[PDB]
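S.K.: Chain by chain, the residues:
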Amino acid sequence: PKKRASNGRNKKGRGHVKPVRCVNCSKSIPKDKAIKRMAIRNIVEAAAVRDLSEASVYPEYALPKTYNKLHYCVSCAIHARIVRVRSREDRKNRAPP
Amino acid sequence: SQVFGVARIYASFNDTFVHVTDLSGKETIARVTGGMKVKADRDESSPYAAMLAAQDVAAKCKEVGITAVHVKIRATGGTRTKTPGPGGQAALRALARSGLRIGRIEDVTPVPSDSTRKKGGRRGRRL
Amino acid sequence: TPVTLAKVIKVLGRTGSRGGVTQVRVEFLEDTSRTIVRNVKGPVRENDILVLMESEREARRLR
Amino acid sequence: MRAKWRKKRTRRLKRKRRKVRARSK
Amino acid sequence: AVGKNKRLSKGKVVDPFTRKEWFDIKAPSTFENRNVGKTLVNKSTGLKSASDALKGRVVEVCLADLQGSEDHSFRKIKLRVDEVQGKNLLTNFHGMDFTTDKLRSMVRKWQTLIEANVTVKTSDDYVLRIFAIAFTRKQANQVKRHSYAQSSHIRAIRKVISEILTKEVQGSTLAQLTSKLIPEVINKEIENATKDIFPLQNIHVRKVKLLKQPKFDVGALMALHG
RNA sequence: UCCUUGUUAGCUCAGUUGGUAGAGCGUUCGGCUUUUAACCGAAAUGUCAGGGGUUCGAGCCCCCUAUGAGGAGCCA
RNA sequence: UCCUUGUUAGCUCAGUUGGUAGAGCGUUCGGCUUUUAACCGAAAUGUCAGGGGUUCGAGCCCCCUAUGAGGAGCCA
RNA sequence: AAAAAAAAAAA
RNA sequence: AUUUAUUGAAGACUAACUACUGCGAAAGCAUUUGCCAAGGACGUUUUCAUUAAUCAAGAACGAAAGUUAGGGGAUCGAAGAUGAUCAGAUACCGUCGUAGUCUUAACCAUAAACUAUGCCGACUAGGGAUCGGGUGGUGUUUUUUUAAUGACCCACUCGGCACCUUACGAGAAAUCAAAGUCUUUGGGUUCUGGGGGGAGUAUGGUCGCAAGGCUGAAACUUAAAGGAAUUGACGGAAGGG
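Protein chains in written order, with my numbering: chain S, 1 to 97; chain Y, 1 to 127; chain C, 1 to 63; chain W, 1 to 25; chain D, 1 to 226.
One thing to keep in mind: the hints can contain errors.
[What the hints assert, rightly or not] For each label pair, taking beta carbons as the anchor points, the in silico distance ranges come out as:
no.: 1; chain 1: S; residue 1: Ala46; chain 2: D; residue 2: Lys109; range: 25 to 31 Å
no.: 2; chain 1: C; residue 1: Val51; chain 2: S; residue 2: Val83; range: 41 to 47 Å
no.: 3; chain 1: D; residue 1: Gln150; chain 2: S; residue 2: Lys92; range: 30 to 36 Å
no.: 4; chain 1: Y; residue 1: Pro110; chain 2: D; residue 2: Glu21; range: 31 to 37 Å
no.: 5; chain 1: S; residue 1: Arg14; chain 2: D; residue 2: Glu191; range: 34 to 40 Å
no.: 6; chain 1: D; residue 1: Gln139; chain 2: Y; residue 2: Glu63; range: 57 to 63 Å
[Stated by the list, open to error] Derived pair list, reagent style DSSO-like, types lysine-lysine, alpha-carbon separation capped at 27 Å:
no.: 7; chain 1: D; residue 1: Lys20; chain 2: Y; residue 2: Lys62
no.: 8; chain 1: S; residue 1: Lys69; chain 2: D; residue 2: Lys144
no.: 9; chain 1: D; residue 1: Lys102; chain 2: D; residue 2: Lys159
[Claimed, not checked] From chain C, some residues computed to sit far from chain S (all C-beta separations above 12 Å):
no.: 10; residue: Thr4
no.: 11; residue: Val8
no.: 12; residue: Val11
no.: 13; residue: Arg18
no.: 14; residue: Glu30
no.: 15; residue: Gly42
no.: 16; residue: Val44
no.: 17; residue: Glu46
no.: 18; residue: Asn47
no.: 19; residue: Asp48
no.: 20; residue: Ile49
no.: 21; residue: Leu50
no.: 22; residue: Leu52
Please keep in mind that the hints were generated in silico from the structure rather than gathered at the bench.
Beta carbons: idealized from backbone N, C-alpha and C, even for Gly.
Working from the sequences, and respecting the hints, build out all of it.
M.R.: Following this line, the structure appears as structure tokens:
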């Protein structure tokens, strides 16, 4: 039976969404059902940033960052220890932590 | 006072190319890889191997006379993962500990404007 | 045949499927203010000392 | 078994029967 | 991996960094600094004439590394080599561009993006692609969380931007234009031109790419380099 | 009938006169598993088709028998 | 017959006159996974194709044969 | 994120 | 070789902005710019005046794959060839790769073509947010302090995509603001179903180049198939110990 009023996704009034590809298994999936996350990270790490700034000319430079938006599918996500599973009531819950 | 090169790191799963050039990029120096530092075919991309590569290119840049480098880190890009492999940061830390001076780190990963098509089929790299 | 010393200052926890391994952060004795994360095989305490045949390496953080 | 495959099988069979009846006619 | 190779060669040492030599590079006069670096070629033999292999080059360096200030810190610049005279070889402008991190940071969601591009010539017969960009900004006193646009404002904004860049360029030659860029006055012009339409933060312009060059004009290159 | 070729562990097959000759599968034994498979360890097995001879010594070298297969059987 | 190329552990390959010679495989054992390993540590391994000659010293340099590969050509 | 097939039926 | 740099060609795609957002009858539709014609909603003290609702038969459009003929043919890639894995593996993984993917001119006419909820209309509980339009406000800001606009705030309203909470009601329940206003059984209307299998099979028709579609049974066989939820057991499912 029906497990989700949204049925998996965020489609109410389109019909078609021109999908994208899950990056971990190259798998086609719509952009409204995809899991989207975003990974913004310092380029190096909080550990070696000290070595960088110590061996760096141009003091106090920036420590720039790398930004990438990540589309995983359901299977790859649940394998990668993300949205894993929830009971019925908290399955209805929609906000992040 | 400073003699600057360009580091050209490419950190991919399965490998890590570390090679350095003059500012123009035509005259190049010290290209070395994790497979050139170890013999597994699995640890090609590993941080220890990348670190060894970095130590070697540092030795070569110091034997030439170069003292510093602007850094251009890169992943496979295009249609593939767009996220760097594990060895990039390790190589960077390795050479910065080795003794060179650093500048202008940038991620130059080739990114498309909705590229052609990705390999594996719509149902995936099933495993 | 050069080695390096380090002082165990901060024990984090165990790692490994069989839990016979530890993750610790240690302070370099010479060239101090350097704090590096490492694995250990056997029993260990805080304030301890380790002998690294290689310094420029850290293990996966598990946390 | 799966309906997709029962249907595919059946289609191949219909095709074959069509052509042998074509032999007769 | 080391000893994995089967055949190095199908059919079956000389240190060249002794054969090489270094080169100081001179930016134009539309810059606070000139001495950008050092560059490698082989000894200019009787057959090779290293000057040409040195001539057909391009290099990327940051506007902060040119002007001293860390405000123009993203802002790469591509400089073309065009002339040599005794180990202090010259350069001319080949292009500007942004950094990945800066562009990505500009790009957030729940704010409409605007992009434009023009493919215009100059007074001195260059041809350029100037890309412009903008982002809707959430006014103060604003509550509704996304601040999107109405797409007629976008068409109009892009019209404004295009005609502005054309008007400036047609009259700005190349270096006049570069010194128009460095102080980032075009951004001020654009926000003043569009404030009566829509707020528009983050109007740092975007890259600019030479498509067609005129003839050499060593005269102009010499007028640049003192 | 002629010409050419083959015969070896239960089955398919390998070999330079110098070992009561060798593989894989099979068979048997022990283990793993609740059990069988798979998997892991191990074993034993041939009158080299038969009959002569050369040699100190024949699976091999030569010669007949049986069997097998390939080819030949044509011009009117 | 002329020229070139090769004869190397069980297979295949590398080698400078300052070495009964180094490689992966095969297998002898030991790690290693619950183990099936992919994997890692130590051994044995090549009358260095055969016989002559030069050298304080020959897989190695000179002569010859045999062997295999390629191309040239061929008055009994 | 090597591998891991089968178990008569009846109640 | 890989990798780096500078260029050119090719063809596809249109990232990030891109979301419980928009349009379109559905399929479906995303770079810019322009041309063509269309459309909804809103506003209206404009006009017509019941012209309307749903509809057999009959028509248009109709993802992908597919078919025909031309162009193109960069990626990826049914088939196929190959390297592994495995007891086997012409399957999963890997490397190649014709067709196809793309486009023009024609066909096909299906789909988990799904909101698995036919359309038109009325009424019935709360709450806030959002898109388009409209109204009011000495509201805030921008200009030329000022104006007018524009963008934001507040209130209201029409029309949309939806949504949160409760159940008075409904329902087998899951769940539902319709799936309510139905044993207190009737607003109008089209289509469809009558245990499961055989069977969307056979035959006959008709449409189609074909593939196939649309229509569409019987014999025979069976007492249970099935739906929603409960408690357990199990998991090469997660979390904790």
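S.K.: Against this structure, judge whether each hint is valid.
M.R.: Hint by hint, here is what the structure shows:
The beta-carbon spacing between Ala46 of chain S and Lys109 of chain D, approximately 27 Å, falls within the hinted interval of 25 to 31 Å. Between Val51 of chain C and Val83 of chain S the C-beta distance comes to about 45 Å, which sits within the given range of 41 to 47 Å. About 35 Å separates the C-beta atoms of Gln150 of chain D and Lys92 of chain S, a value consistent with the hinted range of 30 to 36 Å. Evaluation of the 31 to 37 Å hint for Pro110 of chain Y and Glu21 of chain D yields a pass: the beta carbon distance comes to about 33 Å.
A beta carbon spacing of about 35 Å between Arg14 of chain S and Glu191 of chain D agrees with the range 34 to 40 Å that was offered as a hint. Taking the beta carbon of each, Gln139 of chain D and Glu63 of chain Y are about 59 Å apart, inside 57 to 63 Å as hinted. For the proposed pair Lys20 of chain D and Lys62 of chain Y, the alpha carbon gap of about 16 Å is at most 27 Å, so the pair holds. With a C-alpha separation of about 25 Å, the suggested pair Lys69 of chain S and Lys144 of chain D falls inside the 27 Å cut-off, and the hint holds.
This hinted pair checks out: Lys102 of chain D and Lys159 of chain D have alpha carbons roughly 25 Å apart, not beyond 27 Å. Its beta-carbon lying about 16 Å from the closest one in chain S, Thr4 of chain C satisfies the requirement of being farther than 12 Å from that chain. With a minimum CB-CB distance of about 17 Å to chain S, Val8 of chain C clears the 12 Å threshold, and the non-interface call stands. At roughly 18 Å from the closest C-beta of chain S, the C-beta of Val11 of chain C stays outside 12 Å, upholding its exclusion from the interface.
The beta carbon of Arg18 of chain C sits about 21 Å from the closest Cβ of chain S, which is more than 12 Å, so the claim that it is off the interface holds. Interface exclusion of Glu30 of chain C from chain S stands, the closest Cβ pair being 16 Å apart, more than 12 Å. In this structure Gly42 of chain C is separated from chain S by more than 12 Å, as the shortest Cβ-Cβ distance comes to about 25 Å. Listed as a non-interface residue, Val44 of chain C keeps its Cβ farther than 12 Å from every Cβ of chain S; the least gap is roughly 21 Å.
Listed as outside the interface, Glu46 of chain C is consistent with that label: its C-beta sits roughly 20 Å from the nearest C-beta of chain S, beyond the 12 Å cut-off. The non-interface label for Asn47 of chain C is consistent with chain S: the shortest C-beta to C-beta separation is roughly 22 Å, beyond 12 Å. Distance check on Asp48 of chain C: its Cβ is at least 21 Å (rounded) from any Cβ of chain S, clearing the 12 Å threshold; non-interface status holds. Distance check for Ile49 of chain C against chain S: the nearest CB is about 21 Å away, which clears 12 Å, and the non-interface claim stands.
Once the 12 Å rule is applied to beta carbons, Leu50 of chain C is consistent with being away from chain S; the minimum gap is 18 Å. With a least CB separation of 16 Å from chain S, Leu52 of chain C remains clear of the 12 Å interface cut-off, as annotated.
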